[PDB]
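First, one chain by itself: the form deposited without this ligand, in structure tokens.
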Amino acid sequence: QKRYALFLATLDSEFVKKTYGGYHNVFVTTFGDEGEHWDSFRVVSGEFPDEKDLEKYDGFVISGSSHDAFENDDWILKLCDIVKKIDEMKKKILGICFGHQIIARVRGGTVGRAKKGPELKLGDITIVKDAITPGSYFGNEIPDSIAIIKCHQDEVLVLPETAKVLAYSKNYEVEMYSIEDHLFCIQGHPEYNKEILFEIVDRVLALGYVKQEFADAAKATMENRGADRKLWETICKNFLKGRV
């Protein structure tokens, strides 16, 4: 009987609540297969599993957040201690955006605002093919690059010593990385889609937080192409469910 815990470090948005019924469903659509049990914990509102229950999960996913992974709010510190414990148990954790950065912070890396500005867009990341086995999480043919909806408010400015870089881009050396066999981290959102992106852009535009030109460029990146969604599902599930 397979069990997976999702740590929701963001609230549900109006668009995500109305269109999908919330981030729980978004994650479960993306990374779930039939027959598994998915428990989510709204860690952003201070809800966590008990320490003693961690052993029954076959793996964990840490979502994105509007919070920064360098902040010191009580629920972030508690998430760092929980992740440390999970890590010591050698349980699988997939970290997405904020989640990638949380794992890095727990492993002694440094997270801060992105040197090369924010990103809200579809982009491409270059695979370090030398660091991947044919037949492992990445499939048989390993592509040169993979398209993903990027999350680049923050970044990992100093990489934990134990991390292996699996992909990079021109403006960021840490797009994807693994630690040992049980931590796997991506600075983009496999679980996002064009509708989710376009809604965020329009709202942050209306707020006055980005220029109209930047918004128009962000959306333009998904006018004629989407992310490699099927490949990300395959990679992420192979890692999290030990499927090699």
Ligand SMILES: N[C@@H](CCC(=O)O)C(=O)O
Contents of the next structure:
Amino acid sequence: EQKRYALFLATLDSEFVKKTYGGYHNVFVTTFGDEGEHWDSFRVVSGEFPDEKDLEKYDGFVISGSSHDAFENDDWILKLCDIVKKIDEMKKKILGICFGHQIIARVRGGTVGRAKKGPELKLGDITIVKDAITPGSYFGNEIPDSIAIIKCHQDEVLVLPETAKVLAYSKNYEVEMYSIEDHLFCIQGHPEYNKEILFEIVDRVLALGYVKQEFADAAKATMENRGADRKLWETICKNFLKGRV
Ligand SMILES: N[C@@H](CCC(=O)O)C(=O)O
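What's the form deposited with this ligand bound like, now that we've got the form deposited without this ligand?
Next comes the full complex, and the chain you just saw is listed first.
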């Protein structure tokens, strides 16, 4: 039977991502896709959504990052939350990345907002709560203590739903990864990003005057000699999304 996955693109394609990869559809399919699957994307930020009656044919959903705030009330955000509520009640798998981690927390009664400790734009590390993970489950036989991931956000989950289990934290952000039941799995960082994408964002927000030159240089310094644990993230996220265990 055919495997199908829906990608909710809550961002437009940046110039760099369009030119280098052909857009975020491709970025996500490169990261999370395997040969033979059908991926349909929906530019939810532009108000484009799957039909409600077509949700059953998908084996899983991915919600992308966004430059919008997950606590805002734009009509497409409201419609996204309503559709996520429906998919959630169907017990369909949803992987939420950054904005999508936030949206799922919102749907489940949590609070998202500006992070108490400020924004991040860097490669960083997250600490795994190993007493929340089964050896041989979607985290691997041997769970690492720490995982490197690209961070690019100004908001965080300020109040976590009661139904969520924290799977990872960092010194400055209590909720770096969490799960709800068996079918919701959320990561604050961007496993689909790479150094090129990050460095292009840094350069652009510096040029806009949003950050200082010294902040931009500190941000890039974090990836001068190390990258994220990309292979590890692909394995984790695919294990989750496709029920591979
Ligand atoms: N705008 C949200 C989401 C960021 C993202 O998904 O890249 C934040 O800054 O936290």
